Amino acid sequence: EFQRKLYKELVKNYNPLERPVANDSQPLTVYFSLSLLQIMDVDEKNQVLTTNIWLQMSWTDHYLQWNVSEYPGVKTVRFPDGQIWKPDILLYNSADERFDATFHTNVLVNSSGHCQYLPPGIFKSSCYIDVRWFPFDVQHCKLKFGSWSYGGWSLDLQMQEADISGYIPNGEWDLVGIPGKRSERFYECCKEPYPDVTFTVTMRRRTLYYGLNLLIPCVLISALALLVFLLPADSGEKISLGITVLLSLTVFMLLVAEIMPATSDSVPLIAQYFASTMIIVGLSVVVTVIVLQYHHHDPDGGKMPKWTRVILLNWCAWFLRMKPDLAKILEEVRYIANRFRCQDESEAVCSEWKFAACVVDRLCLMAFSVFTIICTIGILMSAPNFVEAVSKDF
């Protein structure tokens, strides 16, 4: 009975186009806040952040006021979209096809005219995502809210601290914070401020998943490529081992491609690491070909250069701590024996070439081991957030 009377009375002559101030010259203060419930996606290709957010607006409607003594029991009223004035606060940097992502809920008012509007939404905002340090990258995404058409002398936008009590932690992104700031922009024409409220979402990429799917597989496959330098040449499998390791890295690249960013503004950190690892596997195959050249050197070819015999068989090999009828029968038998002696000399020459091959495998083992470790440590620790990341995620 009383709310029937009240609802009839409140909408008599009410115009939802009218900003509800007693004095049209005075501004209408609107309190704007938000509540972040979820980070949904960070699209680095489309440069868009998707978030679950409940916006919180509050103001005072001069017309929706009543004496609670004349309508006992009726402390609040609800108005659906389009029936009363609402602040036209929109996300300026919206990247949604609808532009307005909010679900228009009812406006709750109490007897004194204080209106509360709690529109939920799944927002999509344009955010520049810098993947230079991927996967140890920290992103700062702005959410800029403001009145589409009212200036600061008509709509006095005020900010309140964002609520994160209901935030559901993301599995891929760590929320550093959601700080907010009120700013005013001025047009050179006029002296009216134009206010906006910007919330800067700072979020850190969790790196455990990437540690086990990109960093480790690349270290361990790189190690198996170094194993070629320990395989004896007589096996006849050095090329098989090395070339098949390279193939495994190509097949690996397929898995890596689904999670690596596709940009041309910079070479990500992990792209420098993956490329580095594959040049070292490629160069190990190249060094293996040279080693086989030495091992299979034809004994009747070119005599071991003097420099080859010094730089390898002496210096490097030390540093590495390696180390009538009767007369006719005589002629026939002297030929057989001399043939065998020539074979022995040829085999001795081949043994020197084979030992040189061994020495080059140990030099390359040592050099490639050092070079892989230096690149791995240097590339990963060049990230400013490496230490913090590993400490928090591992």
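Rigid core: the largest C-alpha set superposing within 1.5 Å between the two forms. Positions refer to the first chain, counted from 1. Compared with the form deposited in another entry:
- A 2 Å or larger CA shift between the two forms, after fitting on the rigid core, occurs at just one of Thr202, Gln158, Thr308, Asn106, namely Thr308.
- Superposed on the core, the two forms barely differ at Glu97: its CA moves less than 2 Å between the two forms.
- After superposing the rigid core, the Cα of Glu237 is displaced by 2 Å or more between the two forms.
- Once both forms are fitted on their core, a CA shift of 2 Å or more is seen for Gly378 between the two forms.
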Given for the second form:
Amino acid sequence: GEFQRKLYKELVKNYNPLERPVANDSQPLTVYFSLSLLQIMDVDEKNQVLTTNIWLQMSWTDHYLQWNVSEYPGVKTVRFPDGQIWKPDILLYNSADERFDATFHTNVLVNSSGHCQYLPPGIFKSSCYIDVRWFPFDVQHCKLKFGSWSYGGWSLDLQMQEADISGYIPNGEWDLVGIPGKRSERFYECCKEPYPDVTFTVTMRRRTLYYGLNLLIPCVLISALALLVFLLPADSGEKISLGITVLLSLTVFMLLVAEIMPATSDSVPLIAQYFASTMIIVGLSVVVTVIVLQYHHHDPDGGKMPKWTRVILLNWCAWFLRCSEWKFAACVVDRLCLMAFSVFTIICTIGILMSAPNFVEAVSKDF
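So the form deposited in one PDB entry is up there; where is the form deposited in another entry?
Just the single chain follows, nothing else.
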């Protein structure tokens, strides 16, 4: 309108996008970098990649994009696309995206004082170490490391502002504890110039109820069936079939769990160790029961001729609770297996009750 056109013509008369916009070349350019978390799209524990929906916020002063408001009435701000003016090269250092730059290059808003505002949105994919050991009561500290790609501390004085979380959409699987930020420096051996960066640590807590019932109901059922087969009579007929079916069902369930979560060898989840203990206990009990039944139902003394087993079973039954002796030995072994399974379940429950994600507090908040 005879003023905006003239201003746009005048501002880019000799402007060079490659030049860092400072009046004095030996002075640093202060850039205020902030963040606006909006949504946690995905937490891939397989590839250790966190996907988030983030609006970056960058602000700096341009020495050449200044004008007198009185000389250009009615126009107070101008917009420049990607390549028209200089922008800081703030990139996510730990970006796992195949493009390495998920930001959408919007226009830079500059007002009459030369203050530029740049808010590039994007779906950032950052590679963070997923420590899945206290499954499912685990908290992940995924870091977002931002910094200038080719500017030092004496050229781009990067500064930090607290991230904005008043736009956040709850994920439904992870609970956002918070996203604190920190500014650190990267002094090199070559040179005394610092290399600042801004790191935002997305502290997230896994929501219990998402996997809670879906894993507890099968686990409760298989534990009840294990107790049942540890209490059923030896000569019941269906005990062997029930045990085999239970083992097949729970190993298919464990295969499904390993398909959903990754059973990373860096730190085996405690649930996997509990399952392994249950498997070895159930297998030993079933093998002992089957061999006793198949070696003592037809021959009264076919496998009972060793003396060491007889004396050790007598000592164990005297130290534990005190048709032939084979039935009593099988019952004692089954009771011992039941006691061991109960002790393991109790100790696992005790060890999982206390943790950094307080189980009692979590269930009180959820339920």
